[PDB]
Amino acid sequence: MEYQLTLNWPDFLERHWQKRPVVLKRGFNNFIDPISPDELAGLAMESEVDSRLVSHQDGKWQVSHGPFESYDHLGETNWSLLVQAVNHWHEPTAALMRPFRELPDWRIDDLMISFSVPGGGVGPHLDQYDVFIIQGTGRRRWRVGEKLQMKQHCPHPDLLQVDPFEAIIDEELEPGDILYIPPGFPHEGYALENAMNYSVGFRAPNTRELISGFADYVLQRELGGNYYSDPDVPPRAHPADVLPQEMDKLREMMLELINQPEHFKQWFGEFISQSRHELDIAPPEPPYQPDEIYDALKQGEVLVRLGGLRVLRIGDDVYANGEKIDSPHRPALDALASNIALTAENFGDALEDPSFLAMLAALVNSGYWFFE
């Protein structure tokens, strides 16, 4: 399908994003759910999918990790099924992501869907990331509190919650409504009628993850192999001392390495292009030869990107799922990065180059793009 967002973007980015939560009423007009609770359940039965059941009985909370062989015995009440990264396994669901391209592809994460019977829900909780929560069929009561430091507690080892909060937002969401929550704002919501919620999640790294990742990149690629050297080595009163100048030199090594021109860009390119959830990956059973891709495309057949596969451009280099793609043909690479559903027109003269055709062949044979 194709989904149309009624949001006013400049106003939102200016006043709201990464600042304050909002309820965007009728974000989607005449909202038609991309998927059904049944299709979602069947999808949760699959073993490659990350899914979980969260139920609560009076005070007690029970969290069960999927997949599942059974719809019984659950209840008419007080439970919810959560499925991560549906946009990987379902194309119509993947369509929901497109309207959010007004925000950077690299910051966006994936689409997680929850189905809840009345009373069903995940409880009050905090996130470290921005989220858009889209109301599907049914209705839920959503509550968001002010952003204040609060202790996280665990009703279950597998389930994070906070203490109940005074809501700065308390509302019932109709289908098509969207609730934007910046990180740090406690929120809770629960089904009134049988409900479907679509969370477009976002991702941002912290410093720990960055320095760790890059350290592993340096180790793996065997970089930064230059040793500390002191032909000028300074005198000292006490031989057990390590002088401030030496510490400074030592750290200056790390800073210098971090600032080496290609290395950081390349590492981050390989990192950020990787998905936090498992892709659906099925390399073409026989591999493709370059000229049947050439032919297929020229024959009118269309190339489409695997749902959830991240393609990002940093400078003149492109990165698809951890792998750097480097080609002299810019329009083609731009076509690969900024739109799914590619046709020969988007490639231009690139297909004539056997090198580009070879690369493209390797990308398709990898499962990253497939024919329609």
Second form
Number of protein chains: 2
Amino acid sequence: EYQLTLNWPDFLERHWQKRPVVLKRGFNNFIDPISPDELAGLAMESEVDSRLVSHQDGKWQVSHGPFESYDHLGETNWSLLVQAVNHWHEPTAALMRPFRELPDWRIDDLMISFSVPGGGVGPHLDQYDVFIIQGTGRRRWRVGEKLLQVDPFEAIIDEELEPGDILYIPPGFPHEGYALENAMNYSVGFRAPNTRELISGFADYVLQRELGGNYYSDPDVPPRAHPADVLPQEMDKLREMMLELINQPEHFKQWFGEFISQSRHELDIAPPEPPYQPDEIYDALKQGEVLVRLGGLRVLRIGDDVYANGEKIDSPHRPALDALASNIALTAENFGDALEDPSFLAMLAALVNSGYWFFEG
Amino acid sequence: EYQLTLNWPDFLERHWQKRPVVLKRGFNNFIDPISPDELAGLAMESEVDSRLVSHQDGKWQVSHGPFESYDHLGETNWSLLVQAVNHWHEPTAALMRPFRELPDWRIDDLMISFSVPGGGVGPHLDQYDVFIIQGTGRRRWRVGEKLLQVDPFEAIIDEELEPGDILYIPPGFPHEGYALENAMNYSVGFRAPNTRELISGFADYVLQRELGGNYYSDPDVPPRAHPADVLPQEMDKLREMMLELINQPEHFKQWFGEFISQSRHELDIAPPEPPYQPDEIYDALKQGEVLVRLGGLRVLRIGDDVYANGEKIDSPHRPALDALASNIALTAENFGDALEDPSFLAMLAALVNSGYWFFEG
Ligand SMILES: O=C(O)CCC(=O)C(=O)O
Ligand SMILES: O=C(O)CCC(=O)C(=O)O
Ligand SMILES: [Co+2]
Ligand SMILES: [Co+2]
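Previous: the form deposited without 2-oxoglutaric acid; requested now: the form solved in complex with 2-oxoglutaric acid:
Zooming out: every chain and molecule, the one shown earlier first.
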């Protein structure tokens, strides 16, 4: 397992969502989980979101994958960036574990860039927190003060990253990175909803479930000098209906569990055929087999319920469920007596048959 | 003009959104604004929403317009119902004026039914308030107590309506009406949003305007024993973001003005060609011409702004604008000095060119 040398309370107190910082030797003896060639290969696949970025003579150029080849690209001034490699490559997903000191619901995916000297995407800022882990090679990273693609900035951090160095950047800090030597960078990205996404999502939920069917009612309709007027008390009442629908706590929790447990990038969903019967799940677990969560699959506990990729999961076996949320790899011990409950077993079978968890690989 | 004999404070105190009631002789010497033949003719048009409802030997049958003919229908047991005749026929729109004792924003449209003896749509309840005005002929109306198409009920009102009688029904009271003699009924309908429609609309508004771009921020991210958990304080914060976006008062007002001023039925939008220049509007008004609001067009005042068919209207000429909201027919006096303001004139020209108001007809 990858192991951070970070002082976490320090980082949280001084840097998280406050100030960028180079974590020198964040990882000791850093070994890359994937090679440039493997990355390129991955970028050859259609299910994978990737891009190639180039710059020559002052002018940029972006291409989107999949790429049939790379036959002629150049020695310098380009970079291949692949989103969510952790959805497609397990060793890569291992890089994200140490960052579980921060909450799962806030973590996004892992983006990998390979760059030849000069390669990079130019000066910009992002709306999300990011840890950029330096793998093989070397890159110059610059970060300016809080103000996509921005004007040139005066740097407050200007560093050459070495294998195992990590650059943390809060949202809104302009930054710029380019390779000095053939370089792999691993961006553990975070994600945070905005209010627009929240109200949109919740509205979709309410439409789908046919909730909020209560009509404005006015047996005490107020008088007005002008019949076309809409009075502030009526407005206040309608507004209050809206707020009240939002404050129905159980519905709020269910909607948010479904909303937030969805991923921002395509998952490698491969439903088993033929489907698993509950008995197979039982037997396999009892025989000591490991149930593995699909890479990038979001699984979060909200109250007593667990939410996996948009689906709610409810069971009177609390520790087993919590095991589903916390553990990437699972064994019979994690579930305990819950495996004797056939309703629970059928639930696990449904999850596996959806391709959300798989045995061993 | 049609004139109600109703005691309005009584009706509001005892009946509005509380209890159904037959208003005997609501109108004196009631003259129908439209004939059965004209209604049928209207139902022959494609832009018009209508239906024919029949019952024979225990079994119902519904057909939707437009109808090429009525050649063979029967002497009995059917009814033609046309939605929003006030969108298509001015004398009909005149029936709605007396009901402006209730707020414009709560009023819907006017639906007209013609029925031969036995004709009617059967026992049902509605989610909106309605005044059913009896025109020519006679109908038996029954209304049961608060509980679409319902089981048979024990009536609390069971009356034969005569020309000029009006049956008021609050939402949720089952009712049943059928003709005794060839009968015209005029339903002045009301409408009230539900919470689902409100949050949907507001969400659409926020998406369209790109509002709510503020991201959840957690420099004070709370500790947890389990990394997959989502804590109640974080939930409370997200919820609070939602509520706060809803409570931005000016945005709330604009969104609601745009939302509520839309009609539930197709309008007769006929943009003039060639378009009116502001000067023509000025001249026509100055010469004494009458500017007429399009039938069914919703125009409502919210704060200082006026909203017409989804469009916001802002002008430092308050009385003129208020005139746009309150008056169906307008003359130069209604606008006063505002007509000397070319920005205002251009505004009127835009409204007319959209077909929202027209000169004289
Ligand atoms: O790995 C890279 O070079 C790019 C990382 C980055 O800052 C971004 O794409 O937002
Ligand atoms: O005019 C009619 O017969 C029908 C009125 C009514 O109750 C309805 O359609 O909801
Ligand atoms: Co960036
Ligand atoms: Co009805």
